[PDB]
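Single chain ahead, written as structure tokens, the form deposited in one PDB entry.
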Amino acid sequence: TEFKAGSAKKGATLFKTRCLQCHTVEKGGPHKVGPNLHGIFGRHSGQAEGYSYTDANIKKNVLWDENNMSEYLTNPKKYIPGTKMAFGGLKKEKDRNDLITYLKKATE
């Protein structure tokens, strides 16, 4: 995938409707079904303090960046088979760019 900076404003709404059910973004925010995502970019997968991940998410050991995040969010279980993230994917490229643009800001 080839991430292109988009609209964090539209990304924020996508996060609310598609991700917030299972994730927080703020520093020190609580885990839910999924891990809090603060600091995700530039850290390896499966490392949020205090959260119990699948073996798949840990052993994937990917250094998250905007491009591999775009691939992941297209189809999570294809990128990380054995994941327990029950999310089908954002099939639209502009949605992925906008969501990732938001996520970069929100998880800083």
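Positions refer to the first chain, counted from 1. For the two forms, the rigid core is made up of the largest set of C-alpha atoms that agree within 1.5 Å on superposition. Only residues modelled in both forms are compared. Compared with the form deposited in another entry:
- With the rigid core aligned between these two forms, the listed residues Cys19, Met85, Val25, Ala12 include just one Cα displaced by at least 2 Å, namely that of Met85.
- Superposed on the core, the two forms barely differ at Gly34: its CA moves less than 2 Å between these two forms.
- Legend: core-fitted overlay between these two forms; highlighted is 76 to 86, the single run of at least 3 consecutive residues with CA shifts of 2 angstroms or more.
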Contents of the next structure:
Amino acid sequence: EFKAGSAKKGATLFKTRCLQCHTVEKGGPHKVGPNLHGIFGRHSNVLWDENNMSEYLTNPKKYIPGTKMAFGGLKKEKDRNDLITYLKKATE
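For comparison with the form deposited in one PDB entry, produce the structure of the form deposited in another entry.
Coming up is the bare chain, nothing alongside it.
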């Protein structure tokens, strides 16, 4: 169900909802979460592709309720396709 979307809107969604814990650049520093470079091909066993990550990123995960250490989810379909379109181009 993933359809190539907007990398522009995806890049904005990354700085707002992912950058806080993750980095995309080659040889990026491990932050609260791992470096997502080369994520599409890598596993944990979960062979990362666009559709299985769209499912993964749909649900929010509160690590420390009360602080900004929590992922907010991507409940809108457009937002997931946008973020993945960006992320796919930026993690290689």
